[PDB]
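**Q** The residues making up each chain are set out below.
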Amino acid sequence: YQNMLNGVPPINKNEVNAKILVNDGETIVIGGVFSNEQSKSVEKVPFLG
Amino acid sequence: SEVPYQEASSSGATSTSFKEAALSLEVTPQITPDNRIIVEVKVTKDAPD
Amino acid sequence: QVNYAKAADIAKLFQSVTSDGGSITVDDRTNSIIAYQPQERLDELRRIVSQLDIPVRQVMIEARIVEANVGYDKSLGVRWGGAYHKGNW
Amino acid sequence: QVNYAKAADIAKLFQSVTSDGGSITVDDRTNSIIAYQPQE
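Protein chains in written order, with the deposited numbering: chain A, 242 to 290; chain B, 193 to 241; chain C, 7 to 95; chain D, 7 to 46.
Same shape as in the complex, but just chain A:
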């Protein structure tokens, strides 16, 4: 986006580089990543809270 913004451009890269053996009729997971973000923020006046 910043490149589209003509600022300092951080391009976003998701890349896996590896050498593996598989058969022709075979599908594999070369790589995978699951990002689980859990954020909770509660703002509270003590007595009424």
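Derived SDA-like pairs (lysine to any residue); straight-line CA-CA distance at most 25 Å:
| no. | chain 1 | residue 1 | chain 2 | residue 2 |
| --- | --- | --- | --- | --- |
| 1 | C | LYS18 | B | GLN222 |
| 2 | D | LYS18 | B | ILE223 |
| 3 | B | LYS237 | A | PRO251 |
| 4 | B | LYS237 | A | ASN255 |
| 5 | B | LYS211 | C | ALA69 |
Among chain C residues calculated to face chain A with C-beta under 10 Å, some are:
| no. | residue |
| --- | --- |
| 6 | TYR10 |
| 7 | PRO61 |
| 8 | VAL62 |
| 9 | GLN64 |
| 10 | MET66 |
| 11 | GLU68 |
| 12 | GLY77 |
| 13 | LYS80 |
If you're looking for bench data, these hints aren't it; they were derived computationally from the structure.
Cβ atoms here follow ideal geometry from the backbone N, Cα and C, with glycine treated the same way.
We have chain A already, so just place chains B, C and D on it with the hints.
**A** Only chains B, C and D this time, still in chain A's reference frame:
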């Protein structure tokens, strides 16, 4: 994503240094017979500044 | 023909066989080595070939990052200001 | 086959054995050393 730093330097030095704030694994596994590995792994979780 | 074993590696093995005590040809395209030499060396190198042409073991490494940050911040500013008698904290 | 020991290290050990008083082959892929030499 790889933030760039364009050290665009007029006199002979053009160093667009660029480094990705990313979740990353760099693995060099060595396998021992009993289904174990001694691996050199660099695991970096870097978030864009 | 050695698919999993580089032909040059086999050539080095045969060189070791020569060290034990003879023509070797290497095919890059097929990674296939043709050797015209005494049968015994042929057979020994073939056995080593069979052992060497073994698939390298891939492993799927799954590393999980768990970050938990808990932040509790409370601030109290208490003010007692009166300009009537000029008392203000 | 030595998984925990580098084959070259074993070759150096055999060289030391030669210093004590004979063909060595090193397999990088398996880290396995094949030696054709006296049994002892």
